[PDB]
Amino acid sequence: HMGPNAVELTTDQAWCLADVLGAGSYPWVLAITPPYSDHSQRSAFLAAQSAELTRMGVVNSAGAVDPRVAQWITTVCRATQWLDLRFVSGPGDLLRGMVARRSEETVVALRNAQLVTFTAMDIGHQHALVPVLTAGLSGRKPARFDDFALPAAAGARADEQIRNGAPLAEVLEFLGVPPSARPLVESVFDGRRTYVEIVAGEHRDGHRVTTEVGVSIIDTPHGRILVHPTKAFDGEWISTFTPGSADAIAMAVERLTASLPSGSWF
């Protein structure tokens, strides 16, 4: 449709719109929750919010939601396939995102603190998801190194130990990292680092199905680093660290959705 491709609004306006559409609850990843428990406060909240939206042209004077907005919102709330995005930006603040797909339509939702954006997007365009998947990171170029691997569990134990403030050299000994690899491997644990956790999910046949292990993208002073899972035969998960390029990200996420019963979106 000729026009703006997005709706931008506060979490409260979003919630009021979902409530009025009967769209259902937002996905947990977006973390949009009802402001009040009480019924009168709620009804007032809704009238107010709706007024402001009417003023914003999102809803017409009669009270009917713009059909594109309604479709984007419904696609997010009722989504049959999706990606969940948690961007941990430094300490204390995070960007929350979703790529939702219902009936051939694909909607991106991003939310930060007070604001949420819903925008339609065409996945037909090559690498079209890569700027979304990196939206909340530092803009770092892909690092230069040969691939390495760690047992996923060990990696997690290491991160836990480093947040508890234990010496790096002993943790890198614990992982079995040779002194030669240490400056690189450290960066994955580096104190100033931005990362995003990506998970794929779908629902079919009475089941919500998501990937038990996800994919990570990590901006470090040494560069952009992609981590992706492979299940070993002994039952242990392996994390593989590779440069964070767009090909690498695209492929990794595609494989991620492919591990689900309904497969890729291609």
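The term rigid core refers to the most C-alpha atoms you can superpose between the two forms while keeping them within 1.5 Å. Residue numbers count along the first chain shown, from 1. What changes on going to the form deposited in another entry:
When the two forms are superposed on their rigid core between the two forms, the C-alpha shift of 2 Å or more among 135, 88, 171, 121 belongs solely to 171. The Cα shift for residue 155 between the two forms, taken after rigid core superposition, is 2 angstroms or larger. With the core held fixed between the two forms, residue 235 has its Cα displaced by at least 2 Å.
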Contents of the next structure:
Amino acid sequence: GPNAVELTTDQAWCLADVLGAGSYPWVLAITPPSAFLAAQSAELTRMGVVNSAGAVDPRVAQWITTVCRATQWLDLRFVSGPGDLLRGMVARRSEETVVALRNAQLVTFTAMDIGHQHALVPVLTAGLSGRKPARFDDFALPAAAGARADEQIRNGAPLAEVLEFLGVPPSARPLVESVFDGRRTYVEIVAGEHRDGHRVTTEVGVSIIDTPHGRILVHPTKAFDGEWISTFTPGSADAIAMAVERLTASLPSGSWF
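With the form deposited in one PDB entry in hand, show me what the form deposited in another entry looks like.
We keep it simple here and write out only the one chain, dropping partners and molecules.
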């Protein structure tokens, strides 16, 4: 579209190199692929990404630069079935917002006007299964315990052991089972910023999980002693937008709004 462009993973790297904006963030996992630099410039000039003068489109460039030199961002790790590498990133530099989304060996840079929290919800849930919000009473557990429990699931540990580790009561047992269900599709959201000569990233992220019970949101809250608490709640659009808004607020720069 007018404020969006689709590229290949190699074409993205090449553009980032000729502009000298630095390397892409690790979350996108852009791997290095002049028997190549000039070889693809025939495809870029064809697509109008670069003019016949070998100069990059003024703001296609600005988007790459925003993504590479971002002052505020959200790392998006989507997870489907194995063999899928869907990564995403919400980037802010100065005032413009840029959404980088990598699927397989394709990448889409999109400029967005994000004045609202809810404006992000479609992007965050893009790599999911489109489940409706689940219905249940909120419950909380140590964020460190939940992260450990999830690491054990991916390492092949039986479900029953993981539930005993967390000390899940029967009330929420059917519900935690759905969270760690193998037929799930989820996304982990991490916030970060650049300020005062520091790189500050969040310690605990926000998870949106599409389960057999429905869409579930997991958002953290810090206690006084510094230890985090993970709250499980129905993943409605308002809850998601709230969680991401609160996640960014935990950083020095404060909320994005």
